[PDB]
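The residues making up each chain are set out below.
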Amino acid sequence: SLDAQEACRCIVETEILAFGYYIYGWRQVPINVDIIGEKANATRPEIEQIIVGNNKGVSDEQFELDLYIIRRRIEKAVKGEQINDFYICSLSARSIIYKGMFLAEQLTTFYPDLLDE
Amino acid sequence: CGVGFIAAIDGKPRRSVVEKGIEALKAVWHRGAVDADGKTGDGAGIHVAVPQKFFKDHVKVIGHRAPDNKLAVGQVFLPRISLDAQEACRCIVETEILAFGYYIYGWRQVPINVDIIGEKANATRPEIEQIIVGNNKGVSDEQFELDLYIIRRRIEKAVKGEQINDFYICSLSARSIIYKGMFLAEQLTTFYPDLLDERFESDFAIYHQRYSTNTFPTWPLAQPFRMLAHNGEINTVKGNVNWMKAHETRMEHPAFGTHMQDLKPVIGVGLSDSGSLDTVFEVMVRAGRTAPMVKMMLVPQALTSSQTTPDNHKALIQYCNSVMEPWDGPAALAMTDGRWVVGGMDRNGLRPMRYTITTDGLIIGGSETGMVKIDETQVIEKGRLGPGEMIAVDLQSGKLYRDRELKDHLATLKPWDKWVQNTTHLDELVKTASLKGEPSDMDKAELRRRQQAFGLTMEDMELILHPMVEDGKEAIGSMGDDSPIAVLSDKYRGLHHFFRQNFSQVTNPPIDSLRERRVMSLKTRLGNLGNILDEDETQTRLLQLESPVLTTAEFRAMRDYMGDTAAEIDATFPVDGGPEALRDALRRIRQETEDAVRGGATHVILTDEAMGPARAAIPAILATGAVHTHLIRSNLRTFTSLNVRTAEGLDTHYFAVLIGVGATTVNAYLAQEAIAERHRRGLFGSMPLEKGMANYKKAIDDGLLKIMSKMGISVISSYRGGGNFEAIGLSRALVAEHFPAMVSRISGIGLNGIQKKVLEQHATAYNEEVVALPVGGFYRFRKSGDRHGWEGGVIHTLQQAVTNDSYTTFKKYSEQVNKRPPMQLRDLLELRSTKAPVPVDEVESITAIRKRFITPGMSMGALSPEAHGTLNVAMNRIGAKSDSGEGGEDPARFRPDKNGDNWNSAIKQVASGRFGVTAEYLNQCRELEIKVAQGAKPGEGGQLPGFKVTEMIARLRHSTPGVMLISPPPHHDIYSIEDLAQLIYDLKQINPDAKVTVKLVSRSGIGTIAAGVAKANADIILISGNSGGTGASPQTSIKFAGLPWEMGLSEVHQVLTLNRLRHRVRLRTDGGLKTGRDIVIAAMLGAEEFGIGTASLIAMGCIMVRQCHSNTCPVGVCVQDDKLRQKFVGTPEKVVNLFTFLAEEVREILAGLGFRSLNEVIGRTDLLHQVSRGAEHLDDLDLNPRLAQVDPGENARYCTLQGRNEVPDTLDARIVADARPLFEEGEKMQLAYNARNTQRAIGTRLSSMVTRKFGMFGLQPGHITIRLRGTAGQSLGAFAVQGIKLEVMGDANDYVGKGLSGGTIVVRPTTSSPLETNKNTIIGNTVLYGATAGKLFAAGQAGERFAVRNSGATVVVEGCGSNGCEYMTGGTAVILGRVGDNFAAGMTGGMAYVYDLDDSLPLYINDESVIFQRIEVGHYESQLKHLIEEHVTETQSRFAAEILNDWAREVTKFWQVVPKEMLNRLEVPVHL
Ligand SMILES: Cc1cc2nc3c(=O)[nH]c(=O)nc-3n(C[C@H](O)[C@H](O)[C@H](O)COP(=O)(O)O)c2cc1C
Ligand code: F3S
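Protein chains in written order, with the authors' numbering: chain F, 82 to 198; chain C, 1 to 1472.
Keep in mind that the hints were calculated from the coordinates and are not lab data.
You may find that some hints are simply not true.
[Unchecked claim] List time: in silico SDA-like cross-link candidates among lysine to any residue, alpha-carbon distance up to 20 Å:
#1 C:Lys120 x F:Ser82
#2 C:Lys157 x F:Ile164
#3 F:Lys120 x C:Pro1192
#4 C:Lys157 x F:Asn165
#5 F:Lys120 x C:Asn1059
#6 C:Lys245 x F:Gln163
#7 F:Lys157 x C:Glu162
#8 C:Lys157 x F:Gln163
#9 F:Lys160 x C:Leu271
#10 F:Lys160 x C:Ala85
#11 C:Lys120 x F:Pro126
Work out the full structure: start from the sequences and follow the hints.
This is the structure in structure tokens:
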């Protein structure tokens, strides 16, 4: 549906801006659904990325701390409204996670981003 | 699609009830959504009584002892994938039942058969089980049902606690059970073999089947519900839920006790409208009231101020409307308490409901009068349900209450008349307020300084104010809106420009308001909210106002009455506070409001009265939004009211949004001061000040009713605080935090931008030395004002490029127009490829690209005949398609000219007025088009001034010369998607070669509507935007309604691709298309065809005067004069050259990008990027929701089918196989057949063959005649031409004789029927809709809206219903009986005769535009005599026979009704 996406986006944006950080925007990850089977495709979620930058000039340490706190608060708030199939695979300034329900050898085909230089 | 209910009158269980319910369910397969699978349904269900003996024998066999009391059985849906969810839910249920003390007998697994279910309806199939609980404490049935309900609610809450998914309880009671699922209607007894048993006997049964808009079934969403079943669609649910959120915090009843606590969030999550309504209904019933009382309290009757009801019902309706907010919308309800069984209708009576009593003490009601086969010699009475009516059956005592009897029996429970007298009006309070305390007027300089602070120009006072004060009506504009959107503009646009209004496509009908204004109320009540579960005199003691808008004197009187209990709050913030002054002011006011309400205050007055040179004013919308939301979230909105004093309210769009946000009353004092100042200068003439204020208030109320009627809401109480607007260009955080329920698909400015704009305007007004207001350009261009789309340089350069026929000039034009700062959404996106360019000679030729352009519809009433013909000739010369639009077309233009120039049009429209729609008008086209809503004025009908109608137009539209013609906003044929499918079937039957196009308007939620219409066999969808032109419409509907097509097109494309439906339909867009870049962007978005419109008018000579409504256009494009039509300068070569240039531009761009065909670029969204205007504006528009790419799969990204979507064959096929001598030798024929309700549009394809062979008037009357025996389907004999005679023995369902075109239809009961032919309904609703010729004789009563938009037909019927002969235009109508209320509303041509024995016509008629007298001319007597003689001859009636017998004494019992405009034009005068 097209409400759950909008509701989750509103929740995330209200909960990030409550701390004072600056949101640069959303990005839709390029994928290729040609390699996924059927039963692994009926429950495929919409994958997106949100880019937030630190403008308060805080250290990395406090920055990671508030990012974790924001993730937990977003999880609780979304669970409040009993919205199903919502997940956060990472929210940090140090590391990223690319995961899915495909075969091992077909990881670089589903996510062409990792083929970059 | 449909509801139905069967009831045994005496009250004894029996098997026939149940099987007849099954039989009725087995015959509703024609209205459902056909599927290529044959197994996939969309929901079905039945609701019966509990078969005690079945389960008692089950328990006996199991090994227990059968108790003496009744059993209780609960049907549950448990998850199926894992084995924990089942066990966890079982543990929860068993722990929660045993906490009360009842005994559990065990679980049972229902036998099912999954062989009939489709695939997608099987991947979400839950595990169905039953739990058997018995009562051992010996409690009564009443307490037992109460604890069962409480246990159900507690189980629901506990299971939701653990976030367990796919758990549902279809029933838990000792009285009734529910069998429902996601299968087809006819396959219900195959999936559930239990119902095939011999012991399933009952005394009542309800059945329902639905028609969903999407293709993802969810089992817990199938009706009937627990103590409710609904057909239709509810309008106001975003406002009723918000008011329930305030009603919950005070309600309590001693029947529940402490347990009341787990029923506080009564309306949970994951429900539709029919679920929330059902929950509220069940809660209100389980607390003491009865089903009729709750039905009256939730869906009340229309409180009309006429003497046609006893005052008892008036007092009862006053109480009911005072205690609760109505739940509006088209609704046919069939509900059941534990004792009563009620069938009811909504306020307007849109859906149909027909019932029947048999001699076996059996009542059968439903949507169609032929569902259950019943021998004709067993009936006692047939009937219907008018607007607001209801029929009840009491099973305990076994009685049947009709409408009036039930009202009488209900109006005696409590002394309503003595209770209502507690109401206090303000009219008396302002009358008795002596004429003292007159305030001194504000100074001119102060007024101008305050007006400058908000950005009011002199054009806001000379254009949109002056007509309000003088005329009492509202301003009018006549061209599209090319103004930039609010966020991209650069001047000070008020916050009320960011909110677009709402309307209703096919799923809901808009409510017309110029004719049935009697059902729309603007009542406002202060001191109203309280406990909704009580009954006492203190509930009706409040203050009542007759309009939510108050003047200054009325405000001072109401403030007198309030006095020592109110609390005033300022709404100003210091200009020098800093970068976060507005947020702090919001915080402060929303804290003071709560701190004052808790202190005993009952009335809050939010005013910006303290605005000065150092304090800027908070935008009133934001203030009232924050305050109302906070009061709702703190459980205090139920205590107080909310009054707003604003200084910016000047237009009818301000008050709309303020009342939609949550304000109770609104006071606009600066506008009144401006009115007074303009009056003291002697500008209005000789009218007093109070007359001007009254005219202004009347115009405001009329505009408010217009805005409220675009959506389908008829009462202001249910519209307030619901917020049916939509914000475009506001941050998601701001909207989701301060406003109740609005969607912002793209974020915009936050609080900093609003603060900057406000501070800038305040500084400009209060530090700069004002002498006069700026001229301002918003509706007309002025050099000092804003920018516009079409202006002088670009128009002159386009006309030069088109006239001289040179391409480089056209590239200069495109270069000029593609260089201004951004003005629309499609200006920020950017093309970017990654391939290498290819040469220009390799791309498609101009031919195959030009055949992708069409011209939108422009009626002949607006345009001049020469321009219309020029467009039709130019568009046919290049091989493309043109459009004729509404208003019909000239028959004489139906043959190619001997210049070769073909003046015909390849696309015909079916407007909602049906002004020229005949049988030949639909067989002279290649491709049809249904118009639901227009781009400029959505949710409204086209207009045509009274002087624009000449002889040519009056003859072309079958109307009266010199008469204003306003089309009805609703459709009278399309009240829901099933009616849309029926109309599409009709159109595809009448013309066997054309396609059907649906025209929508871009807004939110259009995706589901598009996925729904695609299942109705429509093959072309058209998406218009808010930037389209028009002929004549109010300015508020032009500037503040609709959305850019960039949103709607992408939404429809994504939703259609998601449901695997994109490969069946085509997409077409128009609105604001000027260059080739725009066309390439639209093609990337998903469209395949393109409409141009306004630009074409500029190629022919139009120069954007914006005076089309004045009939004085200089060049002569849209004018009905002769002296001005002689100035036309258009020629087809101009349009041809324009299209050639526009196509070769697309060729240029495609060759430069790297492709060779438009088919390789359609849908490829990833070729578009977003760049923002820079780091100096900071508008956070994120168009990523607009650029999302849904992967198709194996299918392509466009239409890949040949021809139109195919349709089944009705009975007509056999007729065409039988009447071959008629078509080949041309001889008389005579056929006989058996009709059934599963056969639609009987006699339409035959009419098509006859029209193609001989024409409309080529056959003598009665050449081919058919005799049907049985119950006819819907649209019987639609579009029948002269020479065809249908004779039905039985009855017809609906839309009989729709668009009659000269035929003849006769309906009579069976010769062996023991019925009074003048007291039983024989035909349903909307009879003779837009007919132009023929005759129709019926031997019974008709339904509602009888003979609407009649133009030339002649009808003789023995009765009528409400809203009969509404907006009739020509012909004669004889009604030998009683009429309904609001008869002959908007009638403007023809004549009517009523046979009045009750002498009660002056109480029902709408004596506004028609006059009623008695027959005084023998010429008009011979007419009636011959009509009744023909009636008696055909139908062999007995009532009319004995009327004709006693002619001399009954001729003096007839009223003759004649329009006022037909007084100077009749052939002989009506007087002596
Ligand atoms: C003078 C005029 C008359 C129109 N008449 C109709 C009409 O009768 N029916 C209709 O559906 N649309 C009518 N339209 C709207 C067009 O069909 C189309 O939606 C609009 O012209 C597109 O705007 P555009 O030219 O800016 O692209 C009319 C528009 C104009 C300017
Ligand atoms: S604005 Fe209208 S009056 Fe004529 S010149 Fe254009 S059609």
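To see whether the hints hold, each was checked on the structure:
no., hint, result
1, C:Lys120 x F:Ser82, "holds, 16 Å"
2, C:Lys157 x F:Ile164, "holds, 16 Å"
3, F:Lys120 x C:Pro1192, "holds, 17 Å"
4, C:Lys157 x F:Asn165, "holds, 17 Å"
5, F:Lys120 x C:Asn1059, "holds, 17 Å"
6, C:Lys245 x F:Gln163, "holds, 18 Å"
7, F:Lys157 x C:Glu162, "holds, 14 Å"
8, C:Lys157 x F:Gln163, "holds, 13 Å"
9, F:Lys160 x C:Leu271, "holds, 18 Å"
10, F:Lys160 x C:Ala85, "holds, 19 Å"
11, C:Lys120 x F:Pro126, "holds, 18 Å"
In the structure shown, no violation is registered for any of the earlier numbered hints.
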